[PDB]
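Visitor: In case you want the letters, here they are:
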Amino acid sequence: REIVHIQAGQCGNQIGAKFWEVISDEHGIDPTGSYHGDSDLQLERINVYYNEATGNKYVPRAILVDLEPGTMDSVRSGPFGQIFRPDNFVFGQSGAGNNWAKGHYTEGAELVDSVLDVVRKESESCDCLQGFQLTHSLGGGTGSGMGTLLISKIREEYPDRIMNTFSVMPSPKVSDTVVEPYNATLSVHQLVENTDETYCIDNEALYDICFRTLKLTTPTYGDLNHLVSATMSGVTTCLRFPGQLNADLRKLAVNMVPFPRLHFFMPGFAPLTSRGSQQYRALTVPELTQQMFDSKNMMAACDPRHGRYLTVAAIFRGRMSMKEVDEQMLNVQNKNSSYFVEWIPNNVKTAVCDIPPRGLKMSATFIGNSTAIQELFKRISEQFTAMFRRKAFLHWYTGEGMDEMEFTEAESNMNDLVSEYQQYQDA
Amino acid sequence: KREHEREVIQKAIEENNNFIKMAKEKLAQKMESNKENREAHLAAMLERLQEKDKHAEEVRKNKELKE
Ligand SMILES: Cc1ccc(-c2[nH]nc3c2[C@@H](c2ccccc2)N(c2ccc(O)cc2)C3=O)cc1
Ligand SMILES: Nc1nc2c(ncn2[C@@H]2O[C@H](COP(=O)(O)OP(=O)(O)O)[C@@H](O)[C@H]2O)c(=O)[nH]1
Ligand SMILES: [Mg+2]
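In order, the protein sequences belong to chains B and E.
Its first residue numbered 2, the first sequence is counted upward by one per residue in PDB author numbering.
Its first residue numbered 75, the second sequence is counted upward by one per residue in PDB author numbering.
Because the hints were derived from the structure by calculation, they are not lab data.
Honestly, I wouldn't trust all of these hints.
To be verified - In the DSSO-like style, the derived pairs of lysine-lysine whose C-alpha atoms are separated by at most 27 Å in a straight line are:
hint : chain 1 : residue 1 : chain 2 : residue 2
1    : E       : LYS137    : B       : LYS392
2    : E       : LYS126    : E       : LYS137
3    : B       : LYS392    : E       : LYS126
4    : E       : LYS85     : B       : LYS122
5    : B       : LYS154    : E       : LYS85
6    : B       : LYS216    : B       : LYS297
7    : B       : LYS154    : E       : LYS137
Said to hold, decoys possible - To give an idea of the interface, some chain E residues facing chain B are shown, with a C-beta separation under 7 Å as derived from the structure:
hint : residue
8    : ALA86
9    : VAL133
10   : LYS135
11   : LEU139
Note that the Cβ used here is the ideal one computed from N, Cα and C, for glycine as well.
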């Protein structure tokens with residue numbers, strides 16, 4: 002059950018690279034591709050993400066995409082930069098200028114076919130391809146515009162594989178340009194149609210977690226991406242290690258997505274750790290359970306008490322009592338059962354995996370399909386219309402051939418998605 | 075969606091071309107109208123200096139006629 006990973010633009014390749022660092026350390030693969038681990042749980046599911054090369058080396062099934070060479074030379078220089086298959090660096094030279102239209106229609110279209118060539122060569126070496134995971138942001142031009150172009154073309158070539166994304170939402174608190182709300186709205190329009198599962202990673206929440214909880218007065222993308230790679234490691238635990246469940250991307254979609262358009266997940270993580278400084282008291286199972294449901298541990302800046310949980314996945318990591326985990330999970334439901342829709346029975350499912358993440362004895366990853374996520378889309382929608390009602394900054398997009406109409410369509414699809422979430426929060 | 079994608083990029087091309095074309099024609103129109111104008115103001119200046127010479131003939135012709 003091979004997964005093909007794609008990472009696109011500056012943000013997508015920065016969090017992409019951290020992901021492969023983190024899980025590589027977990028599977029005991031070193032920066033040259035050689036395995037130097039102790040357990041065999043490490044290698045039982047290694048092929049979900051790694052291709053095996055002659056010499057018994059492990060090479061990520063990862064395609065690195067950008068319209069600029071900058072960040073990708075950074076990856077290739079980074080610690081684990083040499084583990085990536087070099088044919089899988091597909092990049093242009095012009096960049097995308099934080100402009101969704103350039104990534105999706107002009108610059109990106111020039112490059113997309115050679116990206117699809119690498120994707121095809123990766124797929125054809127797969128016994129049973131599950132599908133794809135894309136890391137990208139929605140606020141720039143490459144990961145946003147070209148990333149959603151790739152998804153639209155991958156779905157045309159592989160209509161029956163699962164399409165999974167980690168999508169970083171823009172925020173004025175960690176903002177590169179004023180046009181981020183435009184790019185994000187155009188992208189959400191694509192995501193609603195063409196993905197099965199998207200983890201909404203809100204730069205607004207990562208910032209607030211760094212500032213309030215981690216006591217970092219000046220968060221950097223480094224501080225944010227530490228949180229992102231711990232979440233990405235947590236949510237993919239079930240794919241990468243064996244459980245009582247034989248977990249894959251489609252079973253996840255089947256159990257998490259009751260209506261096709263409502264596939265935007267709130268991730269959460271516990272304990273929240275800042276980079277570098279470790280703390281030496283492992284959490285207790287009661288503490289993991291309480292924090293991972295705490296709004297302060299959510300990676301989408303949405304208040305879960307303002308919505309209802311359609312479904313929930315919880316993945317505990319470490320040596321712990323499965324009896325006590327079952328007990329604490331049953332306790333949080335039965336105590337706050339009003340926040341779980343009553344018309345999906347037993348909509349909370351929990352897994353435990355023996356291997357903890359690096360530097361923690363106990364961790365818990367939360368994946369929520371909450372109607373509270375509409376708060377994120379409302380936020381971006383308000384920022385969009387503030388500019389769009391004055392046509393501000395549109396010339397950057399009409400200059401690439403786009404029409405106002407296409408903005409009106411994307412905004413209106415995103416507002417329907419908001420209304421569709423409110424439908425089921427009252428149900 | 076593919077046909078829409080090629081329409082958008084055809085439109086960007088068509089707009090860049092139309093902008094280059096119109097700037098090209100605006101300029102040739104200005105440079106031509108400006109040459110006509112400058113030449114007409116000079117030709118009118120010479121025309122009346124050359125009238126000064128016809129009047130200088132007329133005046134020298136009178137000084138012989140009257141003698
Ligand atoms: C309410 C609910 C939620 C999920 C499931 C279910 N059923 N099968 C699978 C799931 C999820 C899952 C969720 C939590 C614990 C273990 C499995 N999952 C998975 C796949 C890939 C991942 O990266 C992470 C999780 C499966 O493979 C059933 C009901
Ligand atoms: N969390 C996080 N967000 C990022 C990072 N780099 C960029 N972003 C976000 O992505 C947006 C910029 O888009 P970007 O992906 O850099 O443009 P691209 O090169 O065309 O893909 C900004 O709003 C940032 O908030 C990063 O390393 N971490
Ligand atoms: Mg940027």
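Visitor: Any hints this thing doesn't respect? Which numbers, in order?
Guide: Going through the list in order, the structure violates hints 1, 3, 4, 7, 9, 10 and 11 and respects the others.
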